[PDB]
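Peer 1: The lines below spell out each chain.
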Amino acid sequence: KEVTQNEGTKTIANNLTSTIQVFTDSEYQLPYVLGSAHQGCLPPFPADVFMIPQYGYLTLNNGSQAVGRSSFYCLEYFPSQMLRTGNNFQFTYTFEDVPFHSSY
Amino acid sequence: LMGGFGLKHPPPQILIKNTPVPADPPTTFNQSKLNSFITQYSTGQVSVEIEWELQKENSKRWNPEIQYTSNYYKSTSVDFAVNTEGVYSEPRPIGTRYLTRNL
Numbered sequence: 324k325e326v327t328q329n330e331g332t333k334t335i336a337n338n339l340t341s342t343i344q345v346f347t348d349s350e351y352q353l354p355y356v357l358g359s360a361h362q363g364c365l366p367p368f369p370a371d372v373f374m375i376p377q378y379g380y381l382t383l384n385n386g387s388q389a390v391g392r393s394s395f396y397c398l399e400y401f402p403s404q405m406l407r408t409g410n411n412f413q414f415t416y417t418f419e420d421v422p423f424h425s426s427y
Numbered sequence: 636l637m638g639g640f641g642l643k644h645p646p647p648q649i650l651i652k653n654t655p656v657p658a659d660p661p662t663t664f665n666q667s668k669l670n671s672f673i674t675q676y677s678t679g680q681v682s683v684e685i686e687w688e689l690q691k692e693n694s695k696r697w698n699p700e701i702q703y704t705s706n707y708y709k710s711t712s713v714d715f716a717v718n719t720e721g722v723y724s725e726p727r728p729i730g731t732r733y734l735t736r737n738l
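So the protein lines, in turn, are chains A and A'. A prime marks a further copy of an entry chain. When the count follows the authors' numbering, it moves up by one through the first sequence with no breaks and lands on 427 for the last residue. When the count follows the authors' numbering, it moves up by one through the second sequence with no breaks and lands on 738 for the last residue.
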């Protein structure tokens, strides 16, 4: 959707020819930011509507300064699917063997 | 701890010795072990071949990495080379860890 703001009057319309891009980091080449207990997961209540979190990452630092080994990543340097309205994305994943959690 | 690969079954020890050659024995029997021997040494060549398996880098890092490099500027002699006197020397220690990988 595109939003148009003139004269304090704001309007929202569809942009039919617009795309979004999606990809999975299947090869684990980006810093993994899940697992740090952040906000922005899907809501517990199904009826709730949610906002997607922004992605950011960290590398080595000395004070406020970078060091030699500090790394920069561009996500646009990965292949991604482009979807218009009417396109969809899916994938399947299998968990590795892991021990049962003890509910006892 | 000093570094390296630890193996239950490492490359085996290889032991080499010159066989003893006795100098002339006495002409009537004596039971004592011989203590007079001809003087000997040996020389030869030895070859070792090893196959190493490599793991290639898979980095998505945009910017360049650190690399081991030879010195750019002029010098009295070449690093990792001989002397005017024919003495090879290794100037610095070189480690293994230049490329980077995320955690």
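Derived by calculation from the structure, the hints in this document are not laboratory data. Wrong hints could be hidden among the right ones.
Listed next, with one range per pair, are the computed distances between beta-carbon atoms [to be verified]:
#, chain 1, residue 1, chain 2, residue 2, range
1, A', 719, A, 353, 47 to 55 Å
2, A', 689, A, 405, 19 to 27 Å
3, A, 415, A', 700, 49 to 57 Å
4, A, 412, A', 701, 32 to 40 Å
5, A', 728, A, 342, 50 to 58 Å
6, A, 382, A', 719, 25 to 33 Å
7, A, 360, A', 728, 24 to 32 Å
8, A', 676, A, 393, 55 to 63 Å
9, A, 377, A', 704, 55 to 63 Å
10, A, 398, A', 719, 26 to 34 Å
11, A', 701, A, 360, 28 to 36 Å
12, A, 382, A', 676, 58 to 66 Å
13, A, 381, A', 681, 47 to 55 Å
Don't be surprised by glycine CBs; every beta carbon is placed ideally from N, CA and C.
Peer 1: Could you run down the list of hints and mark each one as holding or not?
Peer 2: Against the structure, the hints come out as follows:
Here the CB-CB span from residue 719 of chain A' to residue 353 of chain A is close to 53 Å, well matched to the stated 47 to 55 Å. In this structure the supplied range 19 to 27 Å is violated for residue 689 of chain A' paired with residue 405 of chain A, their Cβ-Cβ distance being about 37 Å. At roughly 35 Å, the beta carbons of residue 415 of chain A and residue 700 of chain A' sit outside the given window of 49 to 57 Å. With their beta carbons about 38 Å apart, residue 412 of chain A and residue 701 of chain A' fall inside the hinted range of 32 to 40 Å.
Between residue 728 of chain A' and residue 342 of chain A, the C-beta spacing of about 53 Å keeps the proposed range 50 to 58 Å intact. For the pair residue 382 of chain A and residue 719 of chain A', the supplied restraint of 25 to 33 Å is violated, since their beta-carbon distance comes to about 47 Å. Hint check: residue 360 of chain A to residue 728 of chain A', Cβ distance near 42 Å, so the stated range 24 to 32 Å is violated. Against the hinted window of 55 to 63 Å, the Cβ-Cβ separation of residue 676 of chain A' and residue 393 of chain A comes to about 58 Å, which satisfies the hint.
Against the hinted window of 55 to 63 Å, the Cβ-Cβ separation of residue 377 of chain A and residue 704 of chain A' comes to about 39 Å, which falls outside the hint. Residue 398 of chain A and residue 719 of chain A' have their C-beta atoms about 56 Å apart, which leaves the hinted 26 to 34 Å range violated. Against the hinted window of 28 to 36 Å, the Cβ-Cβ separation of residue 701 of chain A' and residue 360 of chain A comes to about 33 Å, which satisfies the hint. Distance hint check: the CB atoms of residue 382 of chain A and residue 676 of chain A' are about 60 Å apart, consistent with the given range 58 to 66 Å.
A beta carbon spacing of about 52 Å between residue 381 of chain A and residue 681 of chain A' agrees with the range 47 to 55 Å that was offered as a hint.
Of the numbered hints listed earlier, those contradicted by the structure are 2, 3, 6, 7, 9 and 10.
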